[PDB]
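Student: Chain by chain, the residues run as shown.
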Amino acid sequence: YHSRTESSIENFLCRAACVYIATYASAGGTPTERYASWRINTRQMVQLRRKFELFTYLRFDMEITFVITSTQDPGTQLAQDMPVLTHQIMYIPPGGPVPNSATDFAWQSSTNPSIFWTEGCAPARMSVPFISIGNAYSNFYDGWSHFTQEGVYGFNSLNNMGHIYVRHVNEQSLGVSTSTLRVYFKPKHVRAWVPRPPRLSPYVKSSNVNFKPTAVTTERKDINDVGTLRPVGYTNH
Amino acid sequence: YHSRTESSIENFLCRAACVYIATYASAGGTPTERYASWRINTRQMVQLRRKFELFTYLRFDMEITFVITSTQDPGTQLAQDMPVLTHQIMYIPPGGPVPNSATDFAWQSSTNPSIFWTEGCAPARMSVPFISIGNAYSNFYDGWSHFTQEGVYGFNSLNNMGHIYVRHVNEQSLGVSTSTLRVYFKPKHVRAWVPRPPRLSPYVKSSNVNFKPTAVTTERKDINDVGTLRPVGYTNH
Amino acid sequence: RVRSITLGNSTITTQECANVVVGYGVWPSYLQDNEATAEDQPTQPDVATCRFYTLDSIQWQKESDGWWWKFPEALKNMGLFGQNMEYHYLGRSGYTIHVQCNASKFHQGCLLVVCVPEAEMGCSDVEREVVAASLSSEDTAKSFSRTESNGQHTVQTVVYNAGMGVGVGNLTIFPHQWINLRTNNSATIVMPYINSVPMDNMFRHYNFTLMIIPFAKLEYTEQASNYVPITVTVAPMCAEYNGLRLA
Amino acid sequence: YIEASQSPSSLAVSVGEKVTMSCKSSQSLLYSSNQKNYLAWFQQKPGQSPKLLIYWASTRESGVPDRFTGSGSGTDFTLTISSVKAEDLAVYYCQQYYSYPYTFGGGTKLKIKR
Amino acid sequence: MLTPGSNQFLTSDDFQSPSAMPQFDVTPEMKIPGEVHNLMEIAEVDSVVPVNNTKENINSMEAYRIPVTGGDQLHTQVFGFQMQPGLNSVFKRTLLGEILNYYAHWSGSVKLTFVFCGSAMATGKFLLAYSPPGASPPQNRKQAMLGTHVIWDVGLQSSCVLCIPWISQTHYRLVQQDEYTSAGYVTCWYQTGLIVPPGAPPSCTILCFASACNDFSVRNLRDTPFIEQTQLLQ
Amino acid sequence: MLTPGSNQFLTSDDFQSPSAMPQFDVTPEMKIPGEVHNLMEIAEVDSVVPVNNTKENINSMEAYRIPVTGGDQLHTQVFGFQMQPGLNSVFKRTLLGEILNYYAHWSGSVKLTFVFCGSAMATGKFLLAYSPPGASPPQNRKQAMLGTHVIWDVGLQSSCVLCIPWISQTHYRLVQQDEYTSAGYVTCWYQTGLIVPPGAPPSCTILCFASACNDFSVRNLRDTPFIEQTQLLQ
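Chains as they are written, first to last, in the entry's author numbering: chain 1, 56 to 292; chain 1', 56 to 292; chain 2, 81 to 327; chain L, 1 to 114; chain 3, 5 to 238; chain 3', 5 to 238. A prime marks a further copy of an entry chain.
Calculated from the structure, these hints are not laboratory results.
Treat each hint with caution, since some may be false.
[Said to hold, decoys possible] Below 20 Å or equal to it, Euclidean Cα-Cα: the simulated SDA-like pairs (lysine to any residue) are:
hint, chain 1, residue 1, chain 2, residue 2
1, L, 111, L, 13
2, 1', 276, 3', 63
3, 1, 260, 1, 199
4, 1', 267, 2, 208
5, L, 36, 1, 288
6, 2, 150, 1', 210
7, 3', 96, 3', 45
8, 1, 106, 1', 210
9, 3', 35, 2, 137
10, 3, 59, 1, 278
11, L, 24, L, 99
12, 1, 243, 1, 164
13, 3', 35, 2, 118
14, L, 36, 2, 212
15, 1', 276, 3', 237
16, 1, 276, 3, 87
17, 1', 243, 1', 148
18, 3', 35, 2, 111
19, 3', 96, 3', 50
20, 2, 297, 2, 221
21, 1', 260, 3', 237
22, 2, 297, 3', 213
23, 3, 129, 3, 69
24, 3', 96, 3', 226
25, 1', 106, 3', 109
26, 1, 243, 3', 28
27, 1, 243, 3, 25
28, 1, 106, 3, 69
29, 2, 156, 2, 124
30, 1, 243, 3, 15
31, L, 85, L, 66
32, L, 111, L, 11
33, 3', 35, 1', 248
34, 1', 267, 2, 223
[To be verified] So the derived list for chain 1', only partly shown, Cβ under 8 Å to chain 3', looks like this:
hint, residue
35, 94
36, 102
37, 178
Yeah, the Cβ is synthetic: ideal placement off N, Cα and C, and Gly gets one too.
Between the sequences and the hints, there should be enough to build the whole structure, so can you do that?
Tutor: Written as structure tokens, this is what we have:
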């Protein structure tokens with residue numbers, strides 16, 4: 056008759072997990088290499104996916120922490136003394152403008168909350184509430200997008216969470232300054248409904264529930280084959 | 056009839072002690088030279104060991120302070136102007152993943168609390184509670200690991216405290232930046248049981264209680280030989 | 081003057097009025113509902129565990145040095161206690177140690193009887209490690225030594241370091257008693273269960289060690305008994321074991 | 001019942017040639033807690049009492065010449081002799097003492113080739 | 005004024021954080037049926053156990069069906085296994101084992117249900133024997149009888165429940181433990197044969213369900229070993 | 005708003021610190037017998053004192069046994085030493101001295117017990133003499149008698165207790181002090197011989213125990229000098 060407090064939904068699902076690692080440069084190059092983008096979802100990290108897909112419906116708040124580490128870049132014309140690096144982190148709600156390049160107008164939109172962060176301080180954090188039209192997120196959706204019974208199968212538009220975009224505020228004239236971003240994601244005030252059997256087959260697609268047939272368990276020698284045995288000894292005489 | 060308040064367990068065992076000094080580099084080299092590791096134990100510093108092994112059982116909280124000092128490294132391609140150095144300190148609980156190299160995945164694990172620290176501020180501190188399965192730490196354990204009366208003698212698995220791992224967050228392109236770490240360890244809310252006679256022979260091994268036979272005391276001239284004497288003088292006439 | 085004790089209805093012992101030392105101040109007792117880290121309620125065998133188990137006598141001579149017994153290993157082959165040790169997995173019990181000498185008024189000497197909890201011992205070769213055969217026999221006393229041992233896997237047996245690396249003169253810190261043949265002839269020590277967990281395996285853990293060490297050597301005259309017999313008796317108190325039945 | 005199979009035939013080789021033999025056991029003969037292999041290679045002089053060569057498959061019996069070396073871990077068990085002799089005529093078994101029953105091997109005669 | 009642990013990011017910390025989207029009103033919650041408050045509710049549900057996983061039936065539905073043959077089986081063993089959920093090949097893939105695999109420490113009592121899928125005109129007996137952690141499995145019927153056993157008659161009754169208890173030296177077992185022959189065994193023996201009238205099939209099936217009892221404890225949450233790949237999907 | 009001592013790390017400071025592992029429930033404590041609340045409890049325990057450490061007995065058990073010879077010793081001295089625990093070679097390795105060595109300042113009264121290990125048929129007397137800090141040790145029996153003395157008879161009584169007091173100019177003595185011939189002396193003299201009947205051994209032994217009295221004070225904790233090496237083990 057010992058405690059069960061560690062098996063509750065809160066203590067089971069509120070563990071921070073690293074869900075994205077990206078890199079971006081601070082100088083000339085291909086524009087797509089000068090910013091980092093991520094669409095918020097729980098279907099790309101298999102370890103977190105297996106935990107969220109024990110329940111059919113979920114309702115939680117998001118807490119996102121960004122760890123940013125920058126270093127100098129080898130080449131010619133190295134910077135002898137740089138003041139400090141500042142980074143801009145922008146959260147785009149569902150339906151907001153999304154940048155197609157760095158130094159775009161969407162970076163200065165008043166509907167997108169942004170964080171300006173200087174090197175040396177504590178990691179930046181933000182919290183997003185339960186932002187959806189429906190009354191819950193749904194891990195499994197059996198249905199179509201249009202009512203013609205045709206379209207994308209298994210896609211629901213009621214569980215969009217937005218995007219995260221990170222770039223360098225500074226304009227650098229001497230040298231390049233590569234930076235690396237890590238995203239830590241955590242649910243809070245979690246509520247879950249309608250439990251489901253955990254998955255057996257390995258994941259094959261982030262968008263689908265497709266699978267390969269897998270054996271229901273691990274093989275055994277015989278039906279009456281108990282595990283191994285013990286040799287004769289002082290107790291067994 | 057003067058005070059005894061200075062001889063209490065709290066005032067006797069709660070003195071901070073330097074228990075580890077290490078160094079690590081910030082640039083290319085042998086990977087084992089790019090991070091610092093330490094397994095938390097009280098059996099390597101003989102002065103602190105002699106104090107903890109007056110009691111058979113102990114129960115306390117750990118307070119750990121890290122003093123980090125960095126300097127430039129001689130060579131070619133010296134950095135003309137570097138923004139700031141940031142350090143990552145990670146505490147691994149018993150049973151957590153342990154890095155085998157720098158820039159590993161275990162550095163980004165969500166179960167390992169970490170401190171990110173910038174040069175110039177106050178030293179970083181953390182506090183670990185009484186983390187164990189049993190109800191006390193045991194300085195002396197008479198027994199075996201397995202019940203077959205064979206294995207490692209004198210080892211108990213109920214007094215593991217984890218590991219501490221320190222590395223450089225920054226990626227440095229120009230030059231090397233050696234750094235030095237000092238660890239200051241302090242028990243708090245100490246409780247002790249079953250006092251023992253203090254050790255006489257010098258320590259020979261951190262893992263064992265092995266020793267060399269030593270004389271029970273210092274030699275004397277004779278049984279009735281009182282210490283020295285005084286010459287004749289004005290008082291003695 | 082004399083008192084008789086009958087434990088287990090099968091054992092009889094006789095004692096005289098002497099001082100008794102109750103461990104660390106506490107008396108052996110069963111496990112209450114406060115402390116536990118398991119589920120199955122312990123079974124409590126007391127019909128046969130609580131009886132006097134008299135170990136073999138030893139001979140105290142002029143050049144002897146001392147002896148030690150490891151408990152609870154010393155009662156491995158002792159009747160029903162050994163059966164409970166073998167059949168069960170977890171266990172807890174306190175003990176009552178009686179030590180009695182048989183010397184006339186013409187002998188002389190002085191003994192120290194101690195009960196050291198968790199008496200971890202070193203090795204003769206500081207590099208190697210001890211083995212389980214050199215630490216203790218089943219129910220036979222392991223002798224100390226006057227000089228330095230030189231084995232490979234043998235416990236260091238210099239008497240004045242007590243094998244633990246500490247001064248033998250400071251062993252009085254533990255529960256103890258003095259048997260001075262001039263005045264006393266017996267000693268009694270009641271030892272409770274001391275550990276950091278409520279239950280542990282009997283074959284894995286050595287709860288404590290009983291040491292008998294003479295500080296004043298035995299002396300006598302030519303026409304007298306060459307030795308003095310020492311008898312040690314153990315009676316387990318408040319033994320517990322885990323449960324073997326489904327919830 | 002747990003048994004073991006020796007080589008299909010005898011050594012049937014010349015005198016003075018190193019011989020290698022194997023014993024195929026029908027089940028595992030390693031106790032993982034102690035890492036001990038419970039099997040021994042035996043030898044019976046015709047008309048006298050038998051006598052093994054090596055027990056535990058890694059500890060040669062005292063008094064046995066250095067020519068015999070037993071090996072084999074897990075189910076397999078082998079043995080090697082760097083100098084076969086004409087006066088070592090016997091029947092070679094690979095007996096197991098792991099659990100009830102203590103079954104013998106299959107037999108191996110030291111025949112004549114000269 | 006500023007302690008050493010002042011300006012760090014510990015991944016298991018619980019502090020309040022600024023709201024990215026204030027002035028936003030979330031949708032009020034409705035009453036969806038089936039709310040889960042604990043994972044133990046997922047463990048107290050009976051799930052069919054694949055006892056007959058003999059490498060020809062792992063990729064088939066024959067894994068779950070324990071075969072009971074007629075004819076004349078004198079005293080042969082019907083089935084037998086070891087009581088170690090989470091680690092035994094039989095239990096590690098059921099609901100109970102897969103919940104237990106998430107936790108480094110666990111303890112409690114396990115409930116077993118046996119159901120006889122056979123003709124309503126079939127009659128017979130079986131002997132269900134349970135041996136404690138420190139013992140050996142029975143080798144014949146007589147040894148099984150002398151231990152802890154229950155005689156199950158498939159004429160009077162159709163299902164037999166059996167609650168395997170928890171007697172352990174410590175208070176928490178581990179999934180990653182090497183404790184074979186120290187976990188307990190459950191075997192089933194032919195007390196008599198299977199007797200049928202003319203017209204009924206001579207062979208039947210037994211189905212086995214395993215689940216949680218009232219009391220369990222779990223500690224030290226950790227990653228499951230069933231998922232292997234650390235790659236990110238796309 | 006910001007004092008000069010605002011942003012420093014003083015190694016003897018007591019401030020609260022952030023918890024590295026919140027949301028973690030520690031194991032409740034049990035009732036282990038023998039809890040220690042003060043180091044003075046380790047000092048109020050009698051411990052045998054190696055009076056006879058004459059360079060042939062330091063590596064032997066003969067260090068503790070004070071020899072009492074029979075024959076006819078007229079008025080010779082049995083033993084004698086100086087009362088300075090922590091610094092005298094006799095006391096610095098006992099429980100009292102080794103506790104005192106940890107503290108730079110200490111003061112109190114020291115209790116001595118003498119026990120006669122000899123035949124129950126042996127009879128004799130001894131004279132125990134104590135001289136104050138400023139005096140000289142007695143040279144013969146008559147000088148010892150005229151001072152502070154106690155006559156101990158080993159026929160009527162077996163053990164003799166003697167509580168050496170503390171009279172000092174200041175209120176705290178020091179371990180690292182050069183105060184020889186200013187600490188006090190204790191000597192034992194042959195008041196008569198040792199008389200035994202035919203059959204008893206003619207020579208005996210005295211054992212000496214030293215411990216703490218009710219009142220002590222210790223101040224200024226410091227490192228012990230008994231440990232020498234500053235090297236780290238492995």
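Student: Could you run down the list of hints and mark each one as holding or not?
Tutor: Hint by hint, here is what the structure shows:
{"no.": "1", "hint": "111 (chain L) - 13 (chain L)", "verdict": "holds, 8 Å"}
{"no.": "2", "hint": "276 (chain 1') - 63 (chain 3')", "verdict": "holds, 15 Å"}
{"no.": "3", "hint": "260 (chain 1) - 199 (chain 1)", "verdict": "holds, 18 Å"}
{"no.": "4", "hint": "267 (chain 1') - 208 (chain 2)", "verdict": "holds, 13 Å"}
{"no.": "5", "hint": "36 (chain L) - 288 (chain 1)", "verdict": "holds, 13 Å"}
{"no.": "6", "hint": "150 (chain 2) - 210 (chain 1')", "verdict": "holds, 18 Å"}
{"no.": "7", "hint": "96 (chain 3') - 45 (chain 3')", "verdict": "holds, 18 Å"}
{"no.": "8", "hint": "106 (chain 1) - 210 (chain 1')", "verdict": "violated, 37 Å"}
{"no.": "9", "hint": "35 (chain 3') - 137 (chain 2)", "verdict": "violated, 36 Å"}
{"no.": "10", "hint": "59 (chain 3) - 278 (chain 1)", "verdict": "holds, 11 Å"}
{"no.": "11", "hint": "24 (chain L) - 99 (chain L)", "verdict": "holds, 17 Å"}
{"no.": "12", "hint": "243 (chain 1) - 164 (chain 1)", "verdict": "violated, 28 Å"}
{"no.": "13", "hint": "35 (chain 3') - 118 (chain 2)", "verdict": "holds, 17 Å"}
{"no.": "14", "hint": "36 (chain L) - 212 (chain 2)", "verdict": "holds, 18 Å"}
{"no.": "15", "hint": "276 (chain 1') - 237 (chain 3')", "verdict": "violated, 35 Å"}
{"no.": "16", "hint": "276 (chain 1) - 87 (chain 3)", "verdict": "holds, 17 Å"}
{"no.": "17", "hint": "243 (chain 1') - 148 (chain 1')", "verdict": "holds, 19 Å"}
{"no.": "18", "hint": "35 (chain 3') - 111 (chain 2)", "verdict": "holds, 11 Å"}
{"no.": "19", "hint": "96 (chain 3') - 50 (chain 3')", "verdict": "holds, 14 Å"}
{"no.": "20", "hint": "297 (chain 2) - 221 (chain 2)", "verdict": "holds, 19 Å"}
{"no.": "21", "hint": "260 (chain 1') - 237 (chain 3')", "verdict": "holds, 6 Å"}
{"no.": "22", "hint": "297 (chain 2) - 213 (chain 3')", "verdict": "holds, 18 Å"}
{"no.": "23", "hint": "129 (chain 3) - 69 (chain 3)", "verdict": "holds, 18 Å"}
{"no.": "24", "hint": "96 (chain 3') - 226 (chain 3')", "verdict": "holds, 16 Å"}
{"no.": "25", "hint": "106 (chain 1') - 109 (chain 3')", "verdict": "holds, 19 Å"}
{"no.": "26", "hint": "243 (chain 1) - 28 (chain 3')", "verdict": "holds, 18 Å"}
{"no.": "27", "hint": "243 (chain 1) - 25 (chain 3)", "verdict": "holds, 15 Å"}
{"no.": "28", "hint": "106 (chain 1) - 69 (chain 3)", "verdict": "violated, 30 Å"}
{"no.": "29", "hint": "156 (chain 2) - 124 (chain 2)", "verdict": "holds, 19 Å"}
{"no.": "30", "hint": "243 (chain 1) - 15 (chain 3)", "verdict": "holds, 14 Å"}
{"no.": "31", "hint": "85 (chain L) - 66 (chain L)", "verdict": "holds, 13 Å"}
{"no.": "32", "hint": "111 (chain L) - 11 (chain L)", "verdict": "holds, 8 Å"}
{"no.": "33", "hint": "35 (chain 3') - 248 (chain 1')", "verdict": "holds, 10 Å"}
{"no.": "34", "hint": "267 (chain 1') - 223 (chain 2)", "verdict": "holds, 19 Å"}
{"no.": "35", "hint": "94", "verdict": "violated, 12 Å"}
{"no.": "36", "hint": "102", "verdict": "holds, 6 Å"}
{"no.": "37", "hint": "178", "verdict": "holds, 5 Å"}
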